[PDB]
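Chemist: Listed below, chain by chain, are the residues.
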Amino acid sequence: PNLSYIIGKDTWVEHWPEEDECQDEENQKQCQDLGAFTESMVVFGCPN
Amino acid sequence: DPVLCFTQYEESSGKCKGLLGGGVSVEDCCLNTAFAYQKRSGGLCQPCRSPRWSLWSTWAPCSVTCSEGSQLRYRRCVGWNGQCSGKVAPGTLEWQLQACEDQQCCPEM
Amino acid sequence: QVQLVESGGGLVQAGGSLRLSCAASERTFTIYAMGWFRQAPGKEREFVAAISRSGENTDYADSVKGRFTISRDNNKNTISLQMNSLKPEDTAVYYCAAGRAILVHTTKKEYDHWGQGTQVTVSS
Amino acid sequence: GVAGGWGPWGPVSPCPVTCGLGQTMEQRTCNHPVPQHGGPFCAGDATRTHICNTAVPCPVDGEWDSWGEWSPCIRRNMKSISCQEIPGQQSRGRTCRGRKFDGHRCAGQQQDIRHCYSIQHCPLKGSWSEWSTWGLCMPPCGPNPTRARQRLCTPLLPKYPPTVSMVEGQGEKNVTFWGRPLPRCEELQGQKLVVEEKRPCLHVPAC
Ligand SMILES: *[C@@H]1O[C@H](CO)[C@@H](O[C@@H]2O[C@H](CO)[C@@H](O[C@@H]3O[C@H](CO)[C@@H](O)[C@H](O[C@H]4O[C@H](CO)[C@@H](O)[C@H](O)[C@@H]4O)[C@@H]3O)[C@H](O)[C@H]2NC(C)=O)[C@H](O)[C@H]1NC(C)=O
Ligand SMILES: *[C@@H]1O[C@@H](C)[C@@H](O)[C@@H](O[C@@H]2O[C@H](CO)[C@@H](O)[C@H](O)[C@H]2O)[C@@H]1O
Ligand SMILES: *[C@@H]1O[C@@H](C)[C@@H](O)[C@@H](O[C@@H]2O[C@H](CO)[C@@H](O)[C@H](O)[C@H]2O)[C@@H]1O
Ligand SMILES: *[C@H]1O[C@H](CO)[C@@H](O)[C@H](O)[C@@H]1O
Ligand SMILES: *[C@H]1O[C@H](CO)[C@@H](O)[C@H](O)[C@@H]1O
Ligand SMILES: *[C@H]1O[C@H](CO)[C@@H](O)[C@H](O)[C@@H]1O
Ligand SMILES: *[C@H]1O[C@H](CO)[C@@H](O)[C@H](O)[C@@H]1O
Ligand SMILES: *[C@H]1O[C@H](CO)[C@@H](O)[C@H](O)[C@@H]1O
Ligand SMILES: [Mg+2]
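Residue numbers (the authors' numbering), protein chains in the order written: chain B, 1616 to 1663; chain C, 28 to 136; chain R, 2 to 125; chain D, 255 to 461.
So here's chain B without its partners, still in its complex pose:
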């Protein structure tokens, strides 16, 4: 049951800014991208 994940050349890493950090106008374009990404995978999953 112990498990180690590998950050190799086939691993995507992206920074998630916190709740009060999304109030900047520079991160306003990015935080609306990350929020809609979760509900399309939680409620609908992957098509095809």
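Just to be clear, a hint being listed does not mean it is correct.
[To be verified] Subject to a maximum C-alpha distance of 25 Å in a straight line, what follows is the list of computed BS3-like cross-link-like pairs (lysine-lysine):
(1) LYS44/C / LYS109/R
(2) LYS44/C / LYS44/R
(3) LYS110/R / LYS77/R
(4) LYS110/R / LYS42/C
(5) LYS66/R / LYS44/R
(6) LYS66/C / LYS44/C
(7) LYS109/R / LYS42/C
(8) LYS354/D / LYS114/C
(9) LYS1644/B / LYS354/D
(10) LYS66/C / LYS42/C
(11) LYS44/R / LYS110/R
(12) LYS44/R / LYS109/R
(13) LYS379/D / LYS413/D
Calculated from the structure, these hints are not laboratory results.
Since the structure of chain B is already known, use the hints to place chains C, R and D with the ligands on it.
Modeler: What follows is chains C, R and D with the ligands alone, placed relative to chain B:
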């Protein structure tokens, strides 16, 4: 331009309460946004906050005591260094006109 | 920033008197408007008396008005609460409060700096 | 009867605020010559409440803007989902506006997402509503104000399931219709979409 500077803007009454002093400029008194200013002391108590629309006043009395009339109420864009929603300069009023009816009895005498 | 030390409490009989004093930091004394609070056994914190930074404008609660008289000493960095006609309902821990006021004539009811307190017990 | 004069234009109290403007005081208290026994009093002006000026602006907390307009209701890799039983998603945006000088940030979520059906430009069956409440006098303070009430052709929304399941969890979510449809109805007084009636306002006052 020197303007009387107050220490507290009483909201919903439009009254400048708590006097701090006079003769200070408008740029210096509004460094704290919880303050208020009053030019010429004849009225127009403006807060140091960003220009937002104030609350609508209560309705004016009905223009006739009989049958269908009309009544007004005003709203003043309060604030400084900015424009209200609709390219509106500060100090401009907006009115709304509604038809009223006080009673349905007429010439009682 | 500012620190408050209370003194003057004690066991007074019913009908007697007691005078409290509050020593604050000297370098930041006249900045804060100050007042008096209390906390009885089994109740919330209760506003007692307040005084402005001038000492001219005073404010009191309705339960202590007439009997209590708040005074400000702007030279010895102390305030005083002259408590006359002590009743058994005045048994509480009196806290000295310090809070920033912009005008010199404004009394406050909300304060951000508080002290350790002093014990006042009135018996019958 | 001790004659009282004035002391110093006294020692300064420190400026009681780290931002903007404040009020120090010194006055001139009648302390170096005190009137005693109730004789004469100190003559002049004892008033000094001084405006101290700190050259640092104070923090201002940002306020929320109004909610924006709802985005078009689509679904990924599902062509157009209009007039079908395909649940999609839509978004809405706000703007934290006004935070300057190390003020507090806006408390809350800046995006609002709900599940939707696309009813944009879909023909539907309809029914005529009753007479609405009489509107305001437009234009106010201008030449000839008139009231306006109307009966509009309200569409009959189709009986779709009001909830949808999620893939990851068993808990269900709300579905809410969005769009501007084209309602079909019989005519009333020569109109197909909306019939109104205008009545002028009486006793218009000066503004
Ligand atoms: C999806 O949207 C719907 C609205 O279209 C939303 O329904 C909400 O339901 C709650 C609970 O029923 C409503 O709250 C009510 O408020 C009124 C007063 O305004 C009360 O009288 C109600 O109490 C009665 O109803 C309860 C059951 O309905 C009983 O348990 C209770 O004992 C009383 O009989 C009730 O508190 C609310 O007004 C609506 N509408 C909203 C929130 O807009 C539903 O919750 C939404 N779903 C999700 C997941 O968001
Ligand atoms: C308000 O009260 C009414 C009961 C009337 O006494 C009004 O007087 C006048 O009545 C005539 C009707 O003959 C109306 O045209 C007007 O409302 C008014 O001038 C009174 O103003
Ligand atoms: C001095 O430094 C400033 C940067 C602020 O942090 C000041 O705090 C202010 O304290 C008053 C209370 O008297 C509040 O009204 C202000 O909201 C707050 O900014 C600090 O004193
Ligand atoms: C005036 O209009 C309404 C009151 O009916 C509110 O949206 C608000 O109070 C505004 O000031
Ligand atoms: C105006 O309309 C009525 C009074 O006629 C009330 O609901 C309220 O005072 C409003 O301002
Ligand atoms: C958006 O949400 C509601 C209106 O639907 C209000 O709480 C407010 O106007 C906010 O901007
Ligand atoms: C989105 O939701 C409705 C339209 O269905 C309206 O309240 C408004 O246009 C909002 O932006
Ligand atoms: C409105 O139009 C006519 C009345 O003229 C009816 O067919 C029906 O009531 C519709 O809703
Ligand atoms: Mg597949």
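Chemist: Taking 25 Å as the top limit, are the C-alpha atoms of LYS66/C and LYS42/C close enough?
Modeler: The given pair, whose Cα atoms are some 13 Å apart, holds under the 25 Å limit.
Chemist: Could you grab the alpha-carbon distance between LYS44/R and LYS109/R and see if it respects the 25 Å cut-off?
Modeler: Roughly 21 Å between the alpha carbons, so the hint for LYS44/R and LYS109/R holds.
Chemist: Holds or violated: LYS44/C with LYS44/R, Cα cutoff 25 Å?
Modeler: violated, 34 Å
Chemist: Would the hint linking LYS354/D and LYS114/C be met if the CA-CA limit is 25 Å?
Modeler: holds, 22 Å
Chemist: Taking only the CA atoms, is the gap from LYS1644/B to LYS354/D under or equal to 25 Å?
Modeler: Distance ~21 Å between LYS1644/B and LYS354/D Cα, so the pair holds.
Chemist: For the pair we were handed, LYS379/D and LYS413/D, check the Cα-Cα distance against 25 Å.
Modeler: holds, 12 Å
Chemist: Would you mind confirming whether the straight-line C-alpha gap from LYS66/R to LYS44/R stays at or under 25 Å?
Modeler: Holds, at about 20 Å.
Chemist: Sort out whether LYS42/C lies within 25 Å of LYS110/R, counting only the CA atoms.
Modeler: holds, 22 Å
Chemist: Is the straight-line distance between the alpha-carbon of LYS44/R and that of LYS110/R 25 Å or less?
Modeler: Judged against 25 Å, a Cα distance of about 18 Å means the pair holds.
Chemist: Can the restraint linking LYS109/R and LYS42/C be considered satisfied, given a maximum Cα separation of 25 Å?
Modeler: holds, 20 Å
Chemist: For the pair supplied as a hint, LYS44/C and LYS109/R, confirm whether the alpha-carbon distance does not exceed 25 Å.
Modeler: holds, 15 Å
Chemist: Would the pair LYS110/R and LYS77/R pass a check requiring their Cα atoms to be no farther apart than 25 Å?
Modeler: holds, 24 Å
Hint 2 alone, counting from the list given before, is not met by this structure.
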